[PDB]
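**Student:** Given next are the chains, with one letter for each unit.
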Amino acid sequence: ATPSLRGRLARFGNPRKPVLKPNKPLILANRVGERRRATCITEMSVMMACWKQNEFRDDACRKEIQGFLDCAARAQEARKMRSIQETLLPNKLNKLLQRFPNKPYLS
Amino acid sequence: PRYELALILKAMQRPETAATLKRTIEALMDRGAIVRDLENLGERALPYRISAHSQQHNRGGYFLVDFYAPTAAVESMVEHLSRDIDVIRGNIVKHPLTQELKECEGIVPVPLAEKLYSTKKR
Amino acid sequence: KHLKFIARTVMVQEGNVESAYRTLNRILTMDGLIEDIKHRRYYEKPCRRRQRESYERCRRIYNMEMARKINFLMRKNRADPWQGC
Amino acid sequence: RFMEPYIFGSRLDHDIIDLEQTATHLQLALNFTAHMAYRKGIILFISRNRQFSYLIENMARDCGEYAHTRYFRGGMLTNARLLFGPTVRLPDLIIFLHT
Amino acid sequence: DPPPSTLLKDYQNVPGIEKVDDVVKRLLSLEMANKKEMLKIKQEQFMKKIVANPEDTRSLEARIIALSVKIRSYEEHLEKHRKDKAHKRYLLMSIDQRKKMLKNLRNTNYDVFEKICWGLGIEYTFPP
Amino acid sequence: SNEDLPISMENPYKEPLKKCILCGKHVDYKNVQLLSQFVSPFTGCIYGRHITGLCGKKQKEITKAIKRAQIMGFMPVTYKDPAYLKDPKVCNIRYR
Amino acid sequence: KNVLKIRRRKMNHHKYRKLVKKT
Amino acid sequence: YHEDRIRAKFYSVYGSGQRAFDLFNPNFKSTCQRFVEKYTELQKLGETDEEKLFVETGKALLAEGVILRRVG
Amino acid sequence: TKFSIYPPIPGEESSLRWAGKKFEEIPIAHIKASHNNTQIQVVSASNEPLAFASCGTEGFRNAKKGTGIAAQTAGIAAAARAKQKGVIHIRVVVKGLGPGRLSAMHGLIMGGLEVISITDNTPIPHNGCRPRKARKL
Amino acid sequence: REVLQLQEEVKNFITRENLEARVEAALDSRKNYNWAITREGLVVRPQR
RNA sequence: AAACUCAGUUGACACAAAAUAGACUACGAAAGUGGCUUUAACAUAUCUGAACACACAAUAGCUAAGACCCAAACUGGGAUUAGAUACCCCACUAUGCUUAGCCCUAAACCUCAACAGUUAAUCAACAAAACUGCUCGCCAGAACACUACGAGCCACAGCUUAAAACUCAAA
RNA sequence: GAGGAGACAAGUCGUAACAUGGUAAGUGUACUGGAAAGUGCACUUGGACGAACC
Ligand code: FES
Ligand SMILES: [Mg+2]
Ligand SMILES: [Mg+2]
Ligand SMILES: [Mg+2]
Ligand SMILES: [Mg+2]
Ligand SMILES: [Mg+2]
Ligand SMILES: [Mg+2]
Ligand SMILES: [Mg+2]
Ligand SMILES: [Mg+2]
Ligand SMILES: [Mg+2]
Ligand SMILES: [Mg+2]
Ligand SMILES: [Mg+2]
Ligand SMILES: [Mg+2]
Ligand SMILES: [Mg+2]
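The listed protein sequences derive, respectively, from chains 2, E, Q, B, L, P, 3, S, I and U.
Here the first sequence stands for residues 2 to 38, 43 to 92, 99 to 118, where the numbers follow the deposited numbering.
For the second sequence, the deposited numbering assigns the number 2 to the initial residue and increments by one for each residue that follows.
For the third sequence, the deposited numbering assigns the number 3 to the initial residue and increments by one for each residue that follows.
For the fourth sequence, the deposited numbering assigns the number 100 to the initial residue and increments by one for each residue that follows.
For the fifth sequence, the deposited numbering assigns the number 66 to the initial residue and increments by one for each residue that follows.
For the sixth sequence, the deposited numbering assigns the number 46 to the initial residue and increments by one for each residue that follows.
For the seventh sequence, the deposited numbering assigns the number 128 to the initial residue and increments by one for each residue that follows.
For the eighth sequence, the deposited numbering assigns the number 65 to the initial residue and increments by one for each residue that follows.
For the ninth sequence, the deposited numbering assigns the number 58 to the initial residue and increments by one for each residue that follows.
For the tenth sequence, the deposited numbering assigns the number 155 to the initial residue and increments by one for each residue that follows.
Rather than coming from a laboratory, the hints here were simulated on the basis of the structure.
There may be inaccurate statements among the hints.
Unchecked claim - What follows is a set of in silico ranges between Cβ atoms, one per label pair, in the way DEER data are often shown: (1) 114 (chain I) with 65 (chain 2): 24 to 30 Å; (2) 58 (chain Q) with 145 (chain 3): 40 to 46 Å; (3) 198 (chain U) with 185 (chain I): 54 to 60 Å.
For each residue, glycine too, the CB sits at the ideal point set by N, CA and C.
With the hints as extra help, turn the sequences into a complete structure.
**Tutor:** In structure tokens:
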């Protein structure tokens, strides 16, 4: 259950000192906030260690380098898949809310 | 009034434990307590390594002494328990049964706070 | 003075230390220990602590009420029945 | 707050409109509507309930009176002399099937 | 103070109480009771000593007697807790309330006021 | 007037209040099992009332009893006692 | 509200303390 | 209404019942409604004890053939 | 039995055995993940030292120490040092919330050692020893 | 009743006479205050 | 960068502070009060009422004697900058704690006085909807001015009370 | 004798405040400093923390 707001705020007829001091009114808005906005590092470290121990010569590093390339490709593919899959979203939720606006006044 | 002494004694042999219990109850009576009951909660590993009288303890025997004593005797009893070596720990509390189960019909629902802001239109 | 390896201890299942560490971090986060350590790094003066607690409580109230409203209105996300009017 | 005089009471947190009062109110309203229609005034039905928009429009078209169930553009009555021509005639009675 | 062996006000009216065991008497005595019970016994003694109707707790005399017992308790507390500012305030406020009640009783019923002053050892003094 | 008029009376359909699980039961600082039922298994942190579901009075009593046991040596502080891990789960918590 | 009056009082008080220290 | 207490007890004892509510029928009579009618006519007969009336109504409806399968 | 995340009860008939050793017998890996530095020390069931490592010892200097890469390097070094001591299975007991908190374990694994348990032991004062004043930037 | 009930109990108090017997009896016996609570409000007592 | 050779595990170990509970909204007149136990204890009325007295009054500060983990004005060093008497880093002192006295100030603000009552016909704006009765306290343009003089005070670079001249049409 | 205030008025050194005023601002109190001021302890919002989960 939602925390009780009874007697929390500073109001006339409230003997107790304020429990909450909301810098903004505690009234629901008609909108929600927009969705707020390093991979492959282990593979990079592995490949760099192989380079370090082989004098940065691909001859033995072939495997680690191939793993690095595969990991980079996987990261790019995951980026694309996430971007496409992202498009309830804030736009739809706000559209739903606008049909049922909060009414802090009297009709 | 009525007190319960929760006592944690050094885990020791039956003769030593009996001697310590006799000593503690005798001190209570001398200070004026009227011992009502003595229940043994058994020996068990302490929840943490208590160190009493420079001696560390991992296990101890838990006992309860329900008694009635004058208010002034509680401090003296606490001091004597502290000074007693065989007692790992000891606390005198007000006996729980002196408290009552005053009726609590349930979890009454708290309605959403109303009239917390003016009805001004914006 | 407590028994070691009982508190905040997670047994990694089948060697998936990643999953074990994530579960342990979840446990600590739910218990609030991570936030407690982060705040305790530097002293939070009592007035600032009170202000932060008040702000967090107000934020919790608002977010819980907004989530309640969102869930309550979710059913109305259906397709329009009276299309054409 | 202003519907308290017309609410017979509450049944399980649901209000019951006093049909006793509704009878007299509807008698007066229907008598007034009949008088206006007899006098040939313009009667305009109004309802933003999309469920019954079509039904109200059909009823108005059948009874030879006008209906406005769509989005009510601002000034459609106060600014009518501009939105319809200076000589437009406004409705003589408006019937809100949904207020 | 009343003797420690004094029975609690609740049990002083119990029939056949005198026949009970010595240990039971001790447990029901003030010796095994907090200071509040001793204060209540004191208040009952003052009531039976002074007021015309000892069962009239709501009278001005009963109020004055109870407040005097409370003031005595606060003075006893402060004799030991010399730094208890809250209880110092309570003692001073109680003394002021006793003065006001005594003034009202003096204005209303002078004979009862004399009896109250004598019984509670209060020496009424006019304000400067 | 009219026999069918409503009659003043209390809601006969009112439902009984959902008494908290511990309501009407004696919380004791020695019932270390019950006290451990309301702490975090991993950190020994006392659960909030939103988790426990307890009424305010019983939540306060549970907290005070937990503190008393912990400081008097009846209960551990930093973790739930292992022996009570498999006790019935009455806290609405889900770590895994 | 703004704190212009508090700022004026602040400057007054600071100058007074400085003058007292100086004399 | 007076019958609301009887309705509350009936719903507590036997639940909503197997038979649903056909509110579209203005003259629909529910199992609880028949229980209330039987209770009322028994009260008219004269029984004044609440529990006695409840048990008598249950027995009479069971004889009539009502499925008063108690929830508990 | 389905997996139980809780550690085995001390002094109890537990069936779990790692290379035939009991949980109380498995060696320990104390990781201190300070804000700018990470340190790893492997000790025995009797807290006998087995190996030590840190960002500084591995060679990262100044800000570079407080990085996941340095933590993984220290973990690898500590694991390699412990392997010569014969440590296979270890119970990780990490304290601190530095950037190396998890990279230390990852390096300790890449070095070959297997982890059986993670035990956070970050010192959380219930209250005491007032910390330093807040930084204003 | 309160004084009467107390009168019966006092017979079973610990005094300097039955001190040894009662100490031995307490050592020989045990008391377990632990009992779990289920989500249904039922009290699960430990097996004894 | 300066700085320490000290750092990690385990054990012993406070006169410092009091996670979680607390999404609780309680106690106290206010300041304040959130580890545990005990003792004492939370004025009165079915009103208001004090520079006109008595008792309190966060933090800071003063005197004396102790404690000193940690923090920390000041001070020193490192860094920064055009300069940096600061912001960032390190060390440390008064001080924060205890005892006994002083000091009596806070944006001591919930900037919303106490008691009683109403929601009825509203309301400059914002803020925490608008009012009725009653009593006390306080205010009469801005600045001069938490100032000068006088007075009182364990206060001595202080606190309370507190003006006037000159100036302006504003604030 | 000297200080204080206000006014007139330009320079001077800085940029302390007004925006998160570039270290949020301010109250009390103490130390310090060319100068607005810096910092320490407590207090206020006459700041914000973007206000479902993320
Ligand atoms: S619901 Fe009744 S005691 Fe908590
Ligand atoms: Mg000035
Ligand atoms: Mg008064
Ligand atoms: Mg005054
Ligand atoms: Mg003071
Ligand atoms: Mg010092
Ligand atoms: Mg001042
Ligand atoms: Mg002055
Ligand atoms: Mg003077
Ligand atoms: Mg600036
Ligand atoms: Mg600034
Ligand atoms: Mg400041
Ligand atoms: Mg400085
Ligand atoms: Mg304040």
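**Student:** If a hint holds in the structure, say so; if it does not, say that too.
**Tutor:** Against the structure, the hints come out as follows:
1. 114 (chain I) with 65 (chain 2): 24 to 30 Å: At 27 Å between Cβs, range holds.
2. 58 (chain Q) with 145 (chain 3): 40 to 46 Å: holds, 42 Å
3. 198 (chain U) with 185 (chain I): 54 to 60 Å: violated, 38 Å
The structure fails to meet hint 3 from the earlier list, while all remaining hints are met.
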